[PDB]
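Enquirer: Here's the letter readout for the chains.
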Amino acid sequence: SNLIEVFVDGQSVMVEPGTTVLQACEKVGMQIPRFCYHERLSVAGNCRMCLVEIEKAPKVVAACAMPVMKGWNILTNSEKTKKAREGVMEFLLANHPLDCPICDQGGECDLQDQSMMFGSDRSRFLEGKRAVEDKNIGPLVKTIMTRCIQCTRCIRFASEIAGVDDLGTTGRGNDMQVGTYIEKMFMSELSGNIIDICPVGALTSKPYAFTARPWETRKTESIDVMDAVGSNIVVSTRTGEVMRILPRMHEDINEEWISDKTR
Amino acid sequence: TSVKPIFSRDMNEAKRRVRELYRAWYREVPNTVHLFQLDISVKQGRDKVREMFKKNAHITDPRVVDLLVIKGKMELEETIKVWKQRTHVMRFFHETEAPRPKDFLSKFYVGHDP
Amino acid sequence: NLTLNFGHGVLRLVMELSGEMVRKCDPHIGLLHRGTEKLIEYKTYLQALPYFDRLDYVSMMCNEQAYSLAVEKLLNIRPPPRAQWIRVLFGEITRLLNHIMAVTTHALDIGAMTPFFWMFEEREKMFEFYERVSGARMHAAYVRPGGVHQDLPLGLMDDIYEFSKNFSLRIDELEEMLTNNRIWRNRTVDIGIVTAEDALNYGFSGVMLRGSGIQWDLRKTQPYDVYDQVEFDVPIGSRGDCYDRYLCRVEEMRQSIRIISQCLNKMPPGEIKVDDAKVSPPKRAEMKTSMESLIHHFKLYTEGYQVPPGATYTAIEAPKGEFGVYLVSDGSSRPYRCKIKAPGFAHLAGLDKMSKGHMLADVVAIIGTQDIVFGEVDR
Amino acid sequence: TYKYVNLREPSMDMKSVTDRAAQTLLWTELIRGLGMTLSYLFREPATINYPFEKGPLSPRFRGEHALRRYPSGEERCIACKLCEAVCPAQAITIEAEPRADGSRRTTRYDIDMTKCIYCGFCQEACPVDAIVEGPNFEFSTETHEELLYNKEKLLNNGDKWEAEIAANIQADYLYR
Amino acid sequence: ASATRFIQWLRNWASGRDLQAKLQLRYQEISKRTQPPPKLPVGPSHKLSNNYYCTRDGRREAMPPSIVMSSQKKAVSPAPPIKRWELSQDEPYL
Amino acid sequence: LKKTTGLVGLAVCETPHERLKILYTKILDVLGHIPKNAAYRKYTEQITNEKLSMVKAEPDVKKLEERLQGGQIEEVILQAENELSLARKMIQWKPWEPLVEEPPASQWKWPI
Amino acid sequence: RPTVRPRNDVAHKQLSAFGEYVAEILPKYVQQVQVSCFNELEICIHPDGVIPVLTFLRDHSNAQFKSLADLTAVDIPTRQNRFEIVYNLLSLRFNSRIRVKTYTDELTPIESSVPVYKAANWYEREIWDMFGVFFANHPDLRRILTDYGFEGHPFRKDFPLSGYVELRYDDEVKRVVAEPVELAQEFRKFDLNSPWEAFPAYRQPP
Amino acid sequence: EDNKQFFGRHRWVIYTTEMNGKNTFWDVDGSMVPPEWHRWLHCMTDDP
Amino acid sequence: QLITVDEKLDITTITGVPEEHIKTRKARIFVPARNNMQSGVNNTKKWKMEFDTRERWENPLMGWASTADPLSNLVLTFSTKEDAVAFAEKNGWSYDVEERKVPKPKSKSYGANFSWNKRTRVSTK
Amino acid sequence: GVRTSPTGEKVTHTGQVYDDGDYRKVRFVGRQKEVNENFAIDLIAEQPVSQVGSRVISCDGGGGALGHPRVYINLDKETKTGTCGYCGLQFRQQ
Ligand SMILES: CCCCCCCCCCCCCCCCCC(=O)OC[C@H](COP(=O)(O)OCCN)OC(=O)CCCCCCCCCCCCCCCCC
Ligand code: SF4
Ligand code: SF4
Ligand code: SF4
Ligand code: SF4
Ligand code: FES
Ligand SMILES: [K+]
Ligand SMILES: [Zn+2]
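Protein chains in written order, with the working numbering: chain A, 1 to 263; chain B, 1 to 114; chain C, 1 to 379; chain D, 1 to 176; chain E, 1 to 94; chain F, 1 to 112; chain G, 1 to 206; chain H, 1 to 48; chain I, 1 to 125; chain J, 1 to 94.
One chain only, chain A, in its complex shape:
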């Protein structure tokens, strides 16, 4: 009775009111590209990678934030949508550093992969790039902030999940920088999760630095024993050696987080 009918590329789907355009696409197995959106954080709407055409509407909408209206037809593969994705990816990569060989995110990078699937195959950026100084936030999270794409996921996670309001943005415009402003360490029992949610290699694990590449790791699904919560984990190994520990999603236990001791 409550449900309303919307269409994803002509395919009817029934959704509760308040469902976003992006969520309506999930229902038919279509994953809209995203950077700033994380389903466990508050909606931001700033990366613009999720722009999608609504049939008969002249303006693309941010699928992650726009509530779907009755009778809307979401064109997830139209020319307008594809050009919107190409344009955004082009801006994201304009100042991004040519770091993939030396960057630990390489091989499991959402920027790399969505560039491969939704971006152009070349550059027309002829200028010099931005370079940003690095911030020390403790012995666990290395920062290479020239890689940061300003998605604000780390800021929202810290404020909402960790309950620590130490991360923010300073400056304005192209010089907007994520950090603590002052010299401050982000030491929280949940701090290491910002490594996972950072879509790029801007935030990386210090202990893990340089030791492995994602494709070569074997994944063993296991359980944490550092406490009695029973957090579900993945143990990455290579050639018989434990390389790192990652969260494994379990809605009823740890969701997709783990503590710094577990990590």
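Think of the hints as simulated: they come from the structure by calculation, not from any bench. Be a bit skeptical, because a hint or two may be false.
Heads up, simulated DSSO-like pairs for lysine-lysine below, C-alpha to C-alpha not over 30 angstroms straight-line [what the hints assert, rightly or not]:
no., chain 1, residue 1, chain 2, residue 2
1, F, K109, G, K101
2, J, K77, I, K125
3, F, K109, C, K220
4, G, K174, F, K26
5, H, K22, J, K25
6, E, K32, C, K165
Given chain A's structure and the hints, the job is docking chains B, C, D, E, F, G, H, I and J with the ligands onto it.
Expert: Here is chains B, C, D, E, F, G, H, I and J with the ligands on its own, set in the frame of chain A:
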């Protein structure tokens, strides 16, 4: 449960082909030991034939039995026609393999495997 | 009936003889089976390419071309015109390489050892063309889905012209030794006769078909790359025997020089791999300056390009006959299944049929007329 | 378009028949074959005087591997593992950690030269021209183990051959 | 190219060919082993505008097979009959 | 009369017109034992009747070969023999009957 | 468009029409007919139809697929009938190719097509050797590629890449012997698939 | 060098009789050519 | 003609697997967890079957990881868990099946970022 | 920067050395431990810091397309120098 047969329509029909194969293998061992100049006795060769047949005694699907006979006849053809060499015949006997530990304590001492 | 257990690679022949006559030929192969098809399933599409050099390892770049065409077909992309001309140019150089090996080792096996030496000095010069474009004399890994790896170095086309200018005289010297030699004709004329209808039903291809009068050549009937833009004649036999098939191969070498000449004259300018960096890696200078180019380089050399799901049978006129692949994509960057159709596989399966009513020494001539390399037979 | 290799009718006039009789009895075509091999006897042979003379190669030649340096002496390799990922033979094994100065560098870099197919994919994949196939092809050994190269061997190859390797890269990098 | 005139005459007569015109050994006619650097052209996608990847994306134009019949008028052949090949005018007979 | 068909093992036919009339007539007789609504009968009678009419309407062999487009007239005869052999096999196979069995649900689904 | 493979609608239409033609003539056996976007026609049939369908395509005047280009199998473990048998045929008369596919499991024989194409002889031996599919009424079915006495069917998806045994010369018994496989360097498994969908056109319904 | 010789015989090296403490009067080796001359002797370049 | 066969499908005697790698193995049937480092969900669509991990040791010569487990790299893909279970059953492997974990649907509201009186109000953007 | 352990074995630039009780050093008996003597960590340290006038500098490692991918280095921090992540060259804003 209605399937296409291979050769036999039931276990009694299949068990006939097993017996015919066993006789063929039984009578071939003496010539095999001579032709390949094997150092095993004829009794060892037949004891090996019987052992190979006995590990499949629990099969009750006629189609599986048919394939085992089909494969057993290919193995016999390879032997009678000397397509096999001496190494291939003696591979049944695992002469260079040291005896693996079977009881729990022995397995525990040497490694982690069950 | 005496049984002989033994009588390119290594082959085990089990023969039944009634005096001088062969009553049964049972080739036992697999002595060079290396599970290539299974290995390819653990490789990206690029990582699998060098396996094709090592099949018919006399016709390396033609095997590469067949695989590249198959992948290009599933990718739904098109290699650029200059790449197509290079591929035809080196396809025909490769045919010369193969036919020299086929004809002179066929001659060497039945006692005529000297043309092998004269023509292998010509092979040595074509190995230099391989090495100059690719850095390897044999397993070039040069032809790839999307085009070729590198453009020709300056000065190569001039040296190919110099080689081609003189080659037909070298064929003439080979023909003076064999074509009219009564001993050579005694060993090949009316040997291994195969009828047009039998050849088709036994799955023969290439010269094994045309020697028997069948007018079939994939370069003419189902052309690929720029073969529709070059002129040449398909040699056709009349008696379906070893001697006619020898004549077809010799004449095919002459037509290869004819094609090579047109390729040199018609070579166009431009890029040599598809201008699509989601398939073909960017130029090194771009990879070192542009963010998109570096990402695409990183991904093409680690994950590789994803191929849309589907299956294709793609075939070419290789020097030994129809060479094809049945390539199945599951949508990922690794092939799900790659069946390699080798022309020599069906030809060797027909050895027993072809050798009926012949003598032992003729079995050597028949295996030679079939042009058998066990890299592609066993895979 | 097609042509017949062997579809001709011998002329059955007396002159032609007698010509074929003369060939049969006087072995004329066999003698004509003797002339060809006689003419080769008096040609200069194609042999070169190895090892004093060498077969020509090109700058693209794929030979023994080497790990290269920057002009300062710092290693080019930054342990990205692209070469290891692309290697069709899985001949490359790499381990890395932060160096004592924080640099991203390898602690293991092995090439099993008996797994390697000398394909050159590693040097195509490398983003910093660190791993190359050099010009050397005369490195056969007496034992299998000597062909299992570790990082020290490969760095030594680079220092040994860099003079030639750099010049060859200089000649070919505009085709890459 | 170093043979005396008598030996040149002898091997030409024995072979029946003018061998000196087409020597199988290479001398100065081969290209220099050092060449000027190339300057290679760029492909058609090397443009600063009107070049969106979605208009030149071959892989994404691939479609699943068209199902013409699923178990869920004149006769035809798979294609027109092949045309007869024509005899070569360059050299119909060897 | 040509001297060779050009295909090894395919002898020249002295009387191609009579041979084809006999073969095509034989085919239409065998086809009469197939049910009238079987597609194999309707389609094969259609093509056979077209070829038979061409044979009667053209006495010159080389001009008949051009009309039929089956290669040499000796090839056309061989194809007629193949069709006649096939027609007799279809009578025992009866492929016009309904599908023997549907496949499992995902039998032809790809990718999985 | 320089980088995009051109479509060929004329060939797509011709192949589609012939696909319906075959389906109308052998409804007893034809389960599915499809033409790919690169214009390859596939006929999917019940395994009982192997001999009738191949004979029809070889002998019928509007088919004349006289040449068997290839015959092979594909292993798909998730299917109840895991083995897909693929026949690739060539018609010189009509300069055309067709692909015929059927299916079988580990215990169901497939009729040998040697009566239709003598070329099938060794291809079927290879399928038996590499996949373990038994062909009924084969003149001589036995291994063709693997070592004598080799156990298993290596091309099955669940057969390990390096197998179960390996060979070496043993001096004590003065012969080559087979022993369980131990690798000095284990083959390194790579997880390469991107977690982002590449091809929307092939998305499966959820 | 002698450029009147055919390509391949136009360049050659007479190895030293002693290298790195080894008597090489009879025992010469292709690996004795140092890299800077290796490029020239193999015709990888034109200039020595 | 067809026959009736009521026995459970079992092919362990005709697959050629050594006895050790049938009875002593434990197949795990599962849908791989999403790699937490990426948001893409395309590697969580299919069911997988892997085997229990066994010993890897250092090669004395080079230090490479050696193994004696022939199944160490074997990983099969299945449309459904029924297909995977069916495959495991007929091959004689004992197995564990883990139920697919699907992210539960969330309630998202951009407007909540600016709540007049609730804690969902964000202090920064 | 090669140093020898108490037992005499040279230590590699990765710090590897067989300890006193390791049998594996028997492989060097009658042969040698191959060690490269040009330690890159030492060689890069000898390079002088480069003084620049801007807040941001770029490095491609030298040689244009023969170097490494071009990266931009921020020089705002005055405590330390800017270091190239590819080649290790150091920069400082004057
Ligand atoms: C007025 C009254 C007059 C009365 C007297 C008249 C007699 C003279 C007129 C007749 C001339 C007789 C010639 C005799 C020579 C022998 C001829 C001969 O036997 O040749 C035939 C033989 C087989 O020929 P074939 O083509 O295979 O088939 C024919 C049968 N089906 O073919 C062969 O033998 C081929 C030989 C094979 C060996 C090849 C290797 C040798 C090639 C180089 C030979 C060099 C010459 C030898 C010189 C020796 C010097 C000491
Ligand atoms: S964050 Fe991603 S795109 Fe950026 S350098 Fe690292 S791997 Fe490359
Ligand atoms: S550091 Fe990472 S998570 Fe934080 S804003 Fe930048 S890109 Fe987003
Ligand atoms: S040349 Fe090829 S096989 Fe050898 S290490 Fe490099 S990538 Fe691997
Ligand atoms: S050699 Fe090159 S590709 Fe290989 S790890 Fe080092 S930097 Fe990366
Ligand atoms: S994901 Fe929607 S704007 Fe960032
Ligand atoms: K990260
Ligand atoms: Zn630098």
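Enquirer: Determine for every hint whether it applies to the structure shown.
Expert: Consistency of the hints with the structure:
Annotation: proposed proximity of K109/F to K101/G holds, straight-line Cα distance about 13 angstroms (limit 30 angstroms). A hinted pair counts as satisfied when its Cα atoms are at most 30 angstroms apart, and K77/J with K125/I qualifies at roughly 27 angstroms. Proximity of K109/F to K220/C is assessed by CA-CA distance (about 36 angstroms); at most 30 angstroms being required, the pair is judged violated. Of the pairs offered as hints, the one joining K174/G and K26/F is violated, with about 70 angstroms between alpha carbons and a cut-off of 30 angstroms exceeded.
This hinted pair checks out: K22/H and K25/J have alpha carbons roughly 28 angstroms apart, not beyond 30 angstroms. For the suggested pair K32/E and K165/C, the alpha carbons sit about 19 angstroms apart, so the restraint of at most 30 angstroms is met.
Going down the numbered hints, you'll see the structure goes against 3, 4, while the others check out.
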